[PDB]
Amino acid sequence: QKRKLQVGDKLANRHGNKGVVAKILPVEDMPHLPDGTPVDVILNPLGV
Amino acid sequence: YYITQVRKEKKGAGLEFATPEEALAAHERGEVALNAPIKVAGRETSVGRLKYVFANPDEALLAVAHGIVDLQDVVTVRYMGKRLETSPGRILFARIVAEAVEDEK
Amino acid sequence: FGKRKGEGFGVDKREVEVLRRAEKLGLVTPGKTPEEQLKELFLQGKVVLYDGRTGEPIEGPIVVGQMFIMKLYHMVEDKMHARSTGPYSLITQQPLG
Amino acid sequence: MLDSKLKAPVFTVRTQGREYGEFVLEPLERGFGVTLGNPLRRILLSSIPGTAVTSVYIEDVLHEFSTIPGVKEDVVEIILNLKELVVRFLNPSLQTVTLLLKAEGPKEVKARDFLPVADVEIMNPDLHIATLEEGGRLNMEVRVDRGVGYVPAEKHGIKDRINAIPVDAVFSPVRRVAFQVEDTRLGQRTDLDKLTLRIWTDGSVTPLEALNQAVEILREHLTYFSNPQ
Amino acid sequence: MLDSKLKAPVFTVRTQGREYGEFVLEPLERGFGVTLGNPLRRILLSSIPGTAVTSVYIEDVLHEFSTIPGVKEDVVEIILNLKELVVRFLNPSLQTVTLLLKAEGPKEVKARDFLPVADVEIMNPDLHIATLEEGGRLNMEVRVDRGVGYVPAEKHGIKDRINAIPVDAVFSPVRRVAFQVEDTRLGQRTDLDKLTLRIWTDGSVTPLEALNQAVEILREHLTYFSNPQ
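If you read the protein sequences in the order shown, they are chains A, B, C, D and E. Quick note: to get UniProt numbering, add 828 to the position in the first sequence (first position is 1). Quick note: to get UniProt numbering, add 789 to the position in the second sequence (first position is 1). Quick note: to get UniProt numbering, add 925 to the position in the third sequence (first position is 1). 89 is the number that UniProt numbering gives to position 89 of the fourth sequence; each next residue is one higher, with no gaps. 206 is the number that UniProt numbering gives to position 206 of the fifth sequence; each next residue is one higher, with no gaps.
Excised from the complex, chain A in its bound form:
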């Protein structure tokens, strides 16, 4: 079975920032750069 990323899943960089997906946002409204390229994932600073 194919497992597409979902809210229950947990991803983490090689440094240790571990975390779970809490919301899949519509590309519609998430943080976008001046040129229309939007961001894929928004990491909280407080965990740093």
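Hints listed in this document are in silico derivations from the structure and should not be mistaken for laboratory results. The reader is advised that the hints may include incorrect statements.
Claimed, not checked - BS3-like cross-link-like pairs, simulated, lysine-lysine; straight-line CA separation at most 25 Å:
no., chain 1, residue 1, chain 2, residue 2
1, A, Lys832, C, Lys1004
2, C, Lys928, B, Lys797
3, D, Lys83, B, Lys840
4, C, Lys971, A, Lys846
5, A, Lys846, E, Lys72
6, D, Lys102, D, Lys83
7, E, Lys155, A, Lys830
8, E, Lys72, A, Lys830
9, E, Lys159, A, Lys830
10, E, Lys83, A, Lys830
11, A, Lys851, C, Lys938
12, E, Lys159, A, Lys832
13, E, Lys83, E, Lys7
14, D, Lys83, B, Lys871
15, A, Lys838, C, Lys938
16, E, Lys7, C, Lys996
17, A, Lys851, E, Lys72
18, D, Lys194, D, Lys5
19, E, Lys155, A, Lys838
20, D, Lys155, E, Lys7
21, A, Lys838, C, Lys1004
22, C, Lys928, C, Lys938
23, D, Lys5, B, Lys840
24, C, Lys949, D, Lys83
25, C, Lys971, A, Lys851
26, D, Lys5, E, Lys159
27, A, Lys830, C, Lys1004
28, A, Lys832, E, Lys7
For chain A, the structure is supplied; the task is to place chains B, C, D and E on it using the hints.
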């Protein structure tokens, strides 16, 4: 937090408006120039308070939305019975709570 | 930003706006041109970002970039266990699955 | 109609007086309440053009930081109270109206004390301008204009009389805007946007009127996409 | 017209192909380029309709996780490359079009290898479907539909042939949106908003078309403020 903090930028020329009237004018124009900031260490009122005075509560934030005053900037405002020298953000926090529970006072 | 120059346009009201708040912060050398300021601000690893929901900018430069990220395996426990009624141990009469 | 079109934005309204007015509208697809409320808000505050005190001239006063004898309030508190004044002219012919007022002695000066002007109306009569003691001489000319948004007194710098002092521009009958996008459940799919925007107004216009004007300005702007070049 | 109305949004367009299309419009009052570009953007990505591979049927293959002899790619990589395929039909009469393709032996299978269909066009000819070695037998039927947004293959579950396998729906014809609000100087006042929005598209529709559809969805929504309650 970030919404209620106030800022302080550059102290170069005199910070004395407590007394001279030439002090209001000169440090207002010099501020308009590049020498005095909107948040300068000048006891009574940094020119940032000199420039903007807000009558009603709302008046304050509108200026913020239009790009006149950042939330963390030091400005003067007229609340219930006092002329209070408090920043936008701080004034806004006030409302959040004042609204959460309507017993404003 | 080079392509941005040639492609035909310059700087936003928004782009300048975040700059104002950025210099009052201390990220950009006051007095330089927005073009020059953004370079500075970029070198710092952060760039201007607009909300997306409102289209307004996010007061203060935010960092962004290519971060590698892996997905972690879901253990059998991950399978959220919800039980209404079911088996029961033979000697101890407490619920068993 | 019955299926997708009957399933249409149920425009519901709740308005008390001319100041407050809530407006609910649902169902909406994904992330549209936001797509609509936000623009309307931006319009509701800048575009519903309005009126505000743009300049003042006290006859004996030269600078804004002065105090008038027999007058409890100082120039700065009065020019502030004028920002509170809400007027209403009826037609374009009135771009800049100078309201005049002169009062002497033991009288309280309210906005109703301004000499009436033909096409102009003062919705803020009982507002408090000043408290005059004895030998209290206050004769002023307060300018009024029709504009949009907020304009610092520094930005315009009006010059009717050389000893006059500019005032900051508060141009909108709309006091504040607020919209919420809460989920609503409609049978099949749960993901649904419910847009409800609360509008406040000084009284000049009404929340409903405001909103309508708003949507129009947007519409009119959507048409400007007509002739390519 | 001559003064304020002739001074109107000069709609200028620049479009190459059906993918890219820049759209400039100025002058605009204060903070409107943002007021307009943002909503359009939100619309341009969520609201517009397109085309995407909704189902596939390899003749000897039963499940999606199989591998075909003489074929380097595996079923999963291929159904994936199909998602990359961009088609374009010309009229409503074409809701679901089944594209057919069969190739054998030492040939590379590209999208141009699909047998032509009357009212349908493939903008993605040179896309790579597979690499066939020898005795390489690949005969498939890939469905194509007109829809909106993203629809997981799980959600629709298409059933043309029992051994077929659904594919995830990638319907917004719009790849990416981008708008800039640079200052423009027009005679008297400098504060001016210049709105230019760059739109990209898979080819199904065109930037211009897209934009038009967009503004309409907005307009249609501004009318939903009609009947109070």
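Problem set entry | 25 Å limit on alpha-carbon distance, applied to hinted pair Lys971(C) and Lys846(A) | Given pair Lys971(C), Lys846(A) holds - Cα atoms ~23 Å apart, limit 25 Å.
Restraint status (C-alpha distance of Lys928(C) to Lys797(B) at most 25 Å): violated, 37 Å
Check your understanding: Are the Cα positions of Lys838(A) and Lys938(C) separated by 25 Å at most?
Key -> Violated: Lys838(A) and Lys938(C) sit about 39 Å apart, past 25 Å.
Open item on the list: Just to be careful, I want the Cα atoms of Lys838(A) and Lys1004(C) compared with a cutoff of 25 Å; is the pair within it?
Closed with: holds, 14 Å
*Within 25 Å, alpha carbon to alpha carbon, are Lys846(A) and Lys72(E)?*
violated, 37 Å
Check: Quick one, are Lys949(C) and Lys83(D) close enough, alpha carbons at most 25 Å?
Finding: Cα-Cα ~29 Å, so violated.
### Task
Please work out if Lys159(E) and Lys832(A) have their alpha carbons no farther apart than 25 Å.
Holds, because 22 Å separates the two Cα atoms, which is no more than 25 Å.
Between the alpha carbons of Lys7(E) and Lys996(C), is the straight-line distance 25 Å or under? violated, 55 Å
* To do: Measure nothing beyond the straight line between the CA atoms of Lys83(D) and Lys871(B); if it is 25 Å or shorter, mark the hint as holding.
  => OK: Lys83(D) and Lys871(B) at ~17 Å, within 25 Å.
Below or equal to 25 Å on CA atoms is what counts here, so check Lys102(D) against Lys83(D).
holds, 19 Å
For the pair supplied as a hint, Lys830(A) and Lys1004(C), is the alpha-carbon distance within the 25 Å limit? Holds, at roughly 16 Å.
Taking only the CA atoms, is the gap from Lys83(E) to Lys7(E) under or equal to 25 Å?
Violated, at roughly 46 Å.
Checked against the numbered hints listed earlier, the structure breaks hints 2, 5, 11, 13, 15, 16, 17, 23, 24, 26, 28; every other hint is satisfied.
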